[PDB]
Amino acid sequence: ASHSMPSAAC
Amino acid sequence: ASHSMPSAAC
Amino acid sequence: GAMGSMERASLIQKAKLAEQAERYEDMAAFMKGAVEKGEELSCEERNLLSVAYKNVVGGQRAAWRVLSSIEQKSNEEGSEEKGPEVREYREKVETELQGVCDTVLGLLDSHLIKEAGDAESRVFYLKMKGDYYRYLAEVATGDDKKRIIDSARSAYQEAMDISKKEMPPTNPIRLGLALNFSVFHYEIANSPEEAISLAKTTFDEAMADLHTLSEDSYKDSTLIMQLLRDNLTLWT
Amino acid sequence: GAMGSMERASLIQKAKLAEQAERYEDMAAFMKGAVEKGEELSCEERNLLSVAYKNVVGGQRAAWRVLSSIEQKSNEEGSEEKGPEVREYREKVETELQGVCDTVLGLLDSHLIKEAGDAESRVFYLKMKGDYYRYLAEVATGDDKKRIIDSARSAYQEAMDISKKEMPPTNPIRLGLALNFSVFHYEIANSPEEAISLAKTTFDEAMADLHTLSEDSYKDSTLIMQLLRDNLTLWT
Ligand SMILES: [Mg+2]
Ligand SMILES: [Mg+2]
Ligand SMILES: [Mg+2]
Ligand SMILES: [Mg+2]
Ligand SMILES: [Mg+2]
Ligand SMILES: [Mg+2]
Ligand SMILES: [Mg+2]
Ligand SMILES: [Mg+2]
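So the sequences go chain by chain: P, P', A and A'. A prime marks a further copy of an entry chain. The first sequence begins at 539 in the authors' numbering and counts up one residue at a time. The second sequence begins at 539 in the authors' numbering and counts up one residue at a time. The third sequence begins at -4 in the authors' numbering and counts up one residue at a time. The fourth sequence begins at -4 in the authors' numbering and counts up one residue at a time.
In case anyone wonders, no lab produced these hints; they're calculated from the structure. Each residue gets a CB set at the ideal place from its N, CA and C atoms; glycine is no exception. Please note that a few of the clues may not be correct.
No more than 27 Å apart at the CA atoms, straight line, and that leaves these computed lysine-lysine pairs for DSS-like [stated by the list, open to error]: (1) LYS87/A' with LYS32/A'; (2) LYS11/A with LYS68/A'; (3) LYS32/A' with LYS11/A; (4) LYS11/A' with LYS214/A'; (5) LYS11/A with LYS49/A'; (6) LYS140/A with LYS68/A; (7) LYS77/A with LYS32/A'; (8) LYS87/A' with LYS49/A.
With the Cβ distance kept under 10 Å, some of the chain A side facing chain P' (calculated, not the full set) [what the hints assert, rightly or not]: (9) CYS38; (10) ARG41; (11) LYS49; (12) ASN50; (13) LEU103; (14) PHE119; (15) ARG129; (16) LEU131; (17) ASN166; (18) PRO167; (19) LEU218; (20) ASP225.
Chain P extracted, bound-state conformation:
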C-alpha cells in the first residue's frame, strides 16, 4: 500500500 520509486528521470 506504500508507494516507492525505482527510477530517476534523466
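On the provided structure of chain P, position chains P', A and A' with the ligands as indicated by the hints.
Below, chains P', A and A' with the ligands without anything else, positioned relative to chain P:
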C-alpha cells in the same frame, strides 16, 4: 481483438 | 521430470495456490506433473491445466505481436537499418512459444486423448489440440504452414462432430469450441463467411435451448454467447 | 554467462525491445549481461537496469504476500490442517526472490558502486543497495534479520549524506531515495515517526526549490512529491 475461451464451466 | 517426486494431490493443491498468486509458469509446471502421473483428469483438473497454459502462451503471443510489428515497420520504405537484433529477439520469443505449444500437444498425444471416452473429456481435449495448432499457425511461415493449419482444422472438426451428437447446444464446452473454431476460420483460414455463419448458427441454437436451464447454467451459457455476439459485431 | 557472446550495444537494444513487449525477465537478463561487460552505465542504462529488476522482484513480492497470508490463516485457531504444501510453495517463491536480490546486490558489489564517482551514479546505486536489502528484510525471520535491516539502513544513510551535499532538494534521485528510505522506516524498522518526519521535511524543502526549475523538470519532481504526500495521507 477477437475473443476466445480456454475453460468450460463444470 | 522435476515433478516426478511430488504426490498427485500436492501438485493439484499447489496449482491452485499458484493461480491465486498469479504464478502461471509454476501453475503450468505443476499441472504437467499431475498429467504425467498417468491417471485421467477430472473436470476441475482439466480447467486448471487449460487456464495455466492459456496464461503462459497468452503472454508469449502478446510479446510476439509487439516484436513482429516493430520488425515489419523496420522493413518499410525509408526505415533505418538497425541490424539483426529485432529479428533475433522475435525469433527467440517465437521458439519459446513453439516449445510451449509442443509441450501441450505432447501431453494430449501421450496419453490424454486416447484415454478420454466420455464426450465431455474427449471434446475438451480435441478443442485444446485445435487451439495449440492454431497458436503454432499464427507464427508459421515455411513449408509446414499448410499442414499446421490442417492439423488445427482436423482436431476442431472431430470435436464439433462429437459435440453435435452428444451435447446440448448450450453446453459450455460445445459453445467455447464453436467460438474458437469461428476465430480459426476468420483469423487463420481466410474464411470470414464460414466464421460468421458458424457464430450465428451457434448463437441462435443456444438461444432456443436456454429455457431448459437453471439460473446458474443460464449464467454460464449466456457469458459465452456474449463473446459470439461481440465477435459478430467486430466482423460485420 | 549466457550473454557473454552478445555485443554490449545489442544487449541494450534488446532490453528496450523486451520492455516494450513486457518481457521483464528477459529485460533483466539482457541488462545483467550489459553490466558484466565491465564498463560504467549511462543514466538511461541505469534506469533500464532498475526497471527490469523492479518488475521481476515486484511479481515475486506480490506472490509471496498472497502465499504468506494463506499460510498465516492456516495457523489460526479452528483452521483445518492441510499438510506441508502451503509452507513448501511459500518457501519456493521466497528462495527465488532471495536469489534475485542476491544477483542485484552482487552486480552492485562487483563492481558498479566502486567505479561510480559522480554523485548521480553513486547515489543511484547506493539507493538500489538499500532497496534490495529492504526486499530481503521483508521475508527475513532468522539469526541474520537484524544484520539485513542494518545493511539496508547503512546503504540508504550513505546515499542520503552524499545527496544532501551534492544535489538540489528537487533532484529526482534525491527525492526517490528519501521516499524509499521513509518506507524503510515505516514498514521495516518500526519507526513511523522517523518515516513521517523524513517525508514531511523532504516535501517542504522540494516545494521551496520548485521556482528554480523548467516546466519539464517541474513535472519530474512534482510527480515524486505526490507520492510523498500520498504516503503521508496513508500514515497520518
Ligand atoms: Mg522502488
Ligand atoms: Mg481459448
Ligand atoms: Mg502417490
Ligand atoms: Mg535475444
Ligand atoms: Mg477413460
Ligand atoms: Mg564488443
Ligand atoms: Mg512447490
Ligand atoms: Mg568512474
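Results for each hint:
1. Simply put, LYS87/A' and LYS32/A' have alpha-carbon atoms about 31 Å apart, too far for the 27 Å limit, and the pair is violated.
2. Distance restraint check for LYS11/A and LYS68/A': the Cα-Cα separation of roughly 16 Å lies within the 27 Å cut-off, and the hinted pair is therefore satisfied.
3. Between the alpha carbons of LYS32/A' and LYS11/A the distance comes to roughly 41 Å, so the proposed pair goes past 27 Å and is violated.
4. For the suggested pair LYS11/A' and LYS214/A', the alpha carbons sit about 24 Å apart, so the restraint of at most 27 Å is met.
5. Taking the CA atoms of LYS11/A and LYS49/A', the gap is near 26 Å; set against the 27 Å cutoff, the hint holds.
6. A distance of roughly 23 Å separates the Cα atoms of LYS140/A and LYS68/A; the hinted pair therefore holds under the 27 Å criterion.
7. Annotation: proposed proximity of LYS77/A to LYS32/A' holds, straight-line Cα distance about 21 Å (limit 27 Å).
8. Using a Cα cut-off of 27 Å, the hinted pair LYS87/A' and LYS49/A holds, with the two alpha carbons roughly 23 Å apart.
9. At its closest, the beta carbon of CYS38/A sits 4 Å from a beta carbon of chain P'; the interface hint therefore holds under the 10 Å criterion.
10. Look at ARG41/A: its Cβ gets to within about 8 Å of chain P', closer than 10 Å, so that hint holds up.
11. Look at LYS49/A: its Cβ gets to within about 4 Å of chain P', closer than 10 Å, so that hint holds up.
12. Interface restraint check: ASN50/A against chain P', minimum CB-CB distance 9 Å, threshold 10 Å, status holds.
13. Against a cut-off of 10 Å between C-beta atoms, the interface hint on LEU103/A is violated, since the closest Cβ of chain P' lies about 14 Å away.
14. Here the hint on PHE119/A is kept, as its CB sits about 6 Å from the closest CB of chain P', short of 10 Å.
15. Interface hint status for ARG129/A: upheld, as the beta-carbon distance to the closest one in chain P' is roughly 9 Å, under 10 Å.
16. With a cut of 10 Å, the hint placing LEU131/A at the interface with chain P' is violated, because the nearest CB-to-CB distance is about 15 Å.
17. Taken as an interface hint, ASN166/A checks out: its beta carbon lies about 8 Å from the nearest beta carbon of chain P', inside 10 Å.
18. Because the closest C-beta pair between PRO167/A and chain P' is about 5 Å apart, less than 10 Å, the hint holds.
19. Interface hint at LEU218/A: satisfied, since its Cβ lies 8 Å from the closest Cβ of chain P', which is below the 10 Å cut-off.
20. The beta carbon of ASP225/A is positioned within 10 Å of a beta carbon in chain P' (closest approach about 6 Å), and the interface hint is therefore held.
In summary, the numbered hints that this structure violates are 1, 3, 13 and 16.
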